[PDB]
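Q: One-letter residues, chain by chain:
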Amino acid sequence: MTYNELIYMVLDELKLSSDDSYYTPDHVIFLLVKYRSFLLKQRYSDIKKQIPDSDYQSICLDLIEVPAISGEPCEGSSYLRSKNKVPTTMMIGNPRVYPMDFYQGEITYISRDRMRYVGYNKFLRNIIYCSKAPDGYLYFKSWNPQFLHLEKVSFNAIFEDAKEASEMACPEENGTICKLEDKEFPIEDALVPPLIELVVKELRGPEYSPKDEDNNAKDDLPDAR
Amino acid sequence: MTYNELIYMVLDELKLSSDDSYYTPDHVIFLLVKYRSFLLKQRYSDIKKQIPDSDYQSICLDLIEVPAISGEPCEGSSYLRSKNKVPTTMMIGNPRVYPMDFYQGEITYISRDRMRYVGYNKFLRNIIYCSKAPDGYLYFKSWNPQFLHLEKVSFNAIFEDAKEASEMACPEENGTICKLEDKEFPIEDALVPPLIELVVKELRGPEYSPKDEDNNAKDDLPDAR
Amino acid sequence: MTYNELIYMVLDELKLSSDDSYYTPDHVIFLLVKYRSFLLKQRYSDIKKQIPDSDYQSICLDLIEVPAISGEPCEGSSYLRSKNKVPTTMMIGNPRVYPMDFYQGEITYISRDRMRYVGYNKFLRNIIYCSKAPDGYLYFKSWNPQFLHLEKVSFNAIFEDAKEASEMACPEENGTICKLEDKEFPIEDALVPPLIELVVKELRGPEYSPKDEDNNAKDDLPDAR
Amino acid sequence: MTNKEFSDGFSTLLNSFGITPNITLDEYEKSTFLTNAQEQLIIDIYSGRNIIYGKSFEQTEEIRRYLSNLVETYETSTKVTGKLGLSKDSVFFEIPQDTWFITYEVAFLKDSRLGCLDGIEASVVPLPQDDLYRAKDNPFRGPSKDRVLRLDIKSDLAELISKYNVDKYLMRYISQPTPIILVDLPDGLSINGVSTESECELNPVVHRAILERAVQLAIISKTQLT
Amino acid sequence: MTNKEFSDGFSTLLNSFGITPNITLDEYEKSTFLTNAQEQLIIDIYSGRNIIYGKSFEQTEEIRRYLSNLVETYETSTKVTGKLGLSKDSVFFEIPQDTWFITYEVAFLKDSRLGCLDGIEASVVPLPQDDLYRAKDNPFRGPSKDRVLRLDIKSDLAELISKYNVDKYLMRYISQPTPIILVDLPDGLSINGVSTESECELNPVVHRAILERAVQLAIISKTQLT
Amino acid sequence: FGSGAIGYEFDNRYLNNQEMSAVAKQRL
Amino acid sequence: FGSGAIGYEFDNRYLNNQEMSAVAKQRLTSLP
Amino acid sequence: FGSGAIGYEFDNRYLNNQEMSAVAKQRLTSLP
Amino acid sequence: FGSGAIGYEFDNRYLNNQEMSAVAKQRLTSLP
Amino acid sequence: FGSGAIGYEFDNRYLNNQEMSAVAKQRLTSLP
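Residue numbers (my numbering), protein chains in the order written: chain A, 5 to 229; chain B, 5 to 229; chain C, 5 to 229; chain D, 1030 to 1255; chain E, 1030 to 1255; chain F, 4 to 31; chain G, 575 to 606; chain H, 575 to 606; chain I, 575 to 606; chain J, 575 to 606.
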């Protein structure tokens, strides 16, 4: 299913058909994307369960060498990092950066705190480690100077905001999909009715609520105007 | 998501669209920032859980050498401290001061009470310790005279008030974001629906309540005016 | 947050905007300051928890030598005491008197009853002990005649009444803040919504209650006047 | 509005000497109806029994602005000696005799028994005669250092029952308004004992309401038997 | 609408000198009814007792636009000396004497006791005389650095009860509107003390409502006995 | 009217208390 | 009308009491 | 009408009684 | 109408009975 | 109508029965 199908299921269950509606499809996209993460956390944070392939998304990154702090000689070894800021992953699935082949390569996505200290083990000096810095970028670290030649990677994870990760998908075979509405929404079909009814309950009450509808330099809501 | 998206989600669910509304967006910012800390404490103070990267913020500090009390010779060794007052961190995440490189440096953020007594261990004489004094400033302490050359640090933590810490973020690559509304709100997507419904419940009742709306040198509320 | 923000949050949720309102901001300050201590006791008296830095305040004291009873020779050794009466601390945090440097000095705040008997231990003859006498003043005691030279101290604790302790803060770098409304309210953000809703529930019922509103040498309340 | 303006407006509102059937009043009749309307209106306003306003003596800015000019303050220290009261500690004070309704009333006490609180301003509480016996002994509603009971008695008097000596008696009341007399009345005639011209002392805001009420009273007076 | 336009429109709405039975008024009668309608309408609008609008002094943009031109600001520092008040710390200030209703009222304080807060603007609270005694000692509703109690007294006065010295007294009130006089009235005649032409100072939006109300008042005046 | 500050935290506290009972019944 | 002083503290006390029961059922066992 | 004297103290007594039950279930065990 | 004589004493008796149960569950244990 | 003869004695009997249960749970233990 696509963003369009879910959006219009919500709009039609609310019957927000007219162009002169207070609640536009943008409200629906926002609520759907937030309730997706809400449900995914409620389902897959208590105890460890199998996560379906539907919850995952591959964002698609270009890496650039950057200094550790600045261009100084003693500021430490340099890192690669993604050109653009990366979405925050949720901590429930199998995050993975891979070199355009999911079935190949060993690039490890770890925590920020762990990545301060990695690679000291002599047998772990050739492993590339990844983590999202507080800057918002995905940083890479390794003790093997070869890692600085890496140009492109794909990052597959259950990203915390589906819209951000959908804007950064890799090109499909046909080509890029400009409209987010034509892209696929990242959630399992078993969790679609819960998500829809939560969003419809969210917007049902506000749908029929009054407005400050007179232009009289006055607040008209206490009068149910 | 930004402050703008959350603010207008709340305003639209309350339908506070007219400029002549009693409850402005400022009320919404205040309530959102307080309910964020409320929820973050309710979720992550009972027992220790993983905190997502979304709850964190990096404020960005300039340090200055200051005397311990005054300029006297016997008043003890001097400290560095941030030029401006620092927000209070919540005690739930991984507070960290770092030297413009999250993956490098060892500057320890500890409690005020502990920092009275640190560094006596001969192997811990070169560790820089941080704590927010009751003055409101972040103070630094070490037995290594080299620490007094430190000029700049970044402090990444789950700050207790998101607005204060958003005013003090480091510059982005593009540049500073003047409007708070254009900045990112520091909360995980799974906790956004709870926060929104708490704020909307907070302001739903008051939205429709009466006013002392006549100018007659009289209190008009007992009459539901 | 400041006293102003909390006061006006309460006033706006009650919609006490007109100058001709029965409940003024003074009622709000009183109720806020009392409900702060109420909540702080309910949270941090059952079992010992971490108290955030937000609950604390530094009041700022000038000490004077005073006789134990009067100027008699046999009336015992003299004490130092604060010039002005000191607020009562709550028994939940980390009370501390310090010599203008929180990270230095050893001045002990103890109970009144304990301080009757302190210093007899030969290794504890140089420790300055503090306690608030029933006179309302902070008294100092030590077996070391050097303590009578002490001129100034700062007292950081979770004071039981925020207004009293806010009137006696140390000067800031810019200078003193004359208006209490422009000062910072001493409570954690996680406890602000509970405090606000308790105060709003306190004043919601009375807001709409009738008045003895006729001037007729008669009690007009039984008639719901 | 001035007296000439009361009269001219009163005639205009009554359609005097117009072609249609109408009513014409003499200046004494005009003064009678204007004064009656004035007194009715202010009593109804004070008591809050006017349906149009529906507010009491100082319940809104409108009523304040209306009856502001009747509010007079009074002070007295002289006590009437030989009178029979309902307690040994009862003192009698004369009323200004132009009083209509007492709105504020407070008493200063001078007694050595209340040490260092001497000259305490004490609230004078009007008490009914049912409540008096059970209020002499009452420690929460009876006479005290901060409370005095006042009872109305014959000859325009206030019997103040106090535990401590009463030195001064302060009042703020509504006064007899000056009548609205539009012309120097002949010998013998007068309104409220006044024979010469008397302008309304209230504000001009309420003068037009007084005019309307007076016109209605005139129409009632001429058309109560037809 | 101008005075000529009030008169011509008033005649047109009354069908003066038309073939059907009708009513004809002199310019003095027209001015009387126009001024009465003006004052009735604005008092009803201020108090919100008009059923058609049903809104108070500034409750909507319509009422703002209607009564915007009566809103006058006043400032005074002179205090009336010899008067009897209900407290030692009572100062008396004269009212501009063209005031109808006081809508904003604030007081600046100059006292050394309130250190570094000198010149504090303090809210003047109109207090009834019931509430005064129990509000002198009240720490939340009584006089303070940020609150002053105002009581209306005789002779167009404001008794300000304050804990600290009152230096300046600021007001914003509704003023006596200028009457609507369509012609230079002869000697003796006047409306609100004005004999010459006086145009309505309100906005033209409400002039037509004033005309309608005046026409209705004229029909009432001519047809209250038939 | 409504406000969920005290209600939410009391419900959360109740759930935390049965949480602790459940884990305190756990034995290896 | 309403006021949550006595209500809040009684609810807090109830929660503290089941808190103490829950922790009093906690045991670090030793029989391996 | 209302008055919370007897109501408050009975609620306080109830909470004290479950307080005592909770603490009476507390044991510092010893079998290592 | 109302009167709290019998009601108060029955409530007090109930609270006394759960009081006795709570204290009767109290033990100063001895096995160290 | 009302009368509390049978009601009072049944309530008293109920309270006596939980009284006996509470005291029957009381033990002066002996194992030190």
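Please note that a few of the clues may not be correct.
[What the hints assert, rightly or not] Below are the DSS-like pairs computed for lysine-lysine, each with C-alpha atoms no more than 27 Å apart in a straight line:
| id | chain 1 | residue 1 | chain 2 | residue 2 |
| --- | --- | --- | --- | --- |
| 1 | B | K87 | B | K167 |
| 2 | B | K19 | A | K205 |
| 3 | C | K19 | B | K167 |
| 4 | B | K205 | C | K38 |
| 5 | B | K89 | C | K167 |
| 6 | E | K1197 | D | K1197 |
| 7 | G | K599 | I | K599 |
| 8 | C | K205 | B | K215 |
| 9 | B | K183 | F | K28 |
| 10 | C | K183 | C | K38 |
In short, the hints are calculated from the structure, not lab data.
Q: State for each hint whether it applies.
A: Hints and how they fare:
1. B:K87 x B:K167: Given that 27 Å is the threshold and the Cα spacing comes to 18 Å, the pair holds.
2. B:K19 x A:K205: 16 Å, holds
3. C:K19 x B:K167: 25 Å, holds
4. B:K205 x C:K38: 25 Å, holds
5. B:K89 x C:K167: 22 Å, holds
6. E:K1197 x D:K1197: Roughly 32 Å separates the two Cα atoms, so the pair is violated.
7. G:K599 x I:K599: The hint holds at about 15 Å.
8. C:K205 x B:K215: 17 Å, holds
9. B:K183 x F:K28: 52 Å, violated
10. C:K183 x C:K38: Roughly 20 Å separates the two Cα atoms, so the pair holds.
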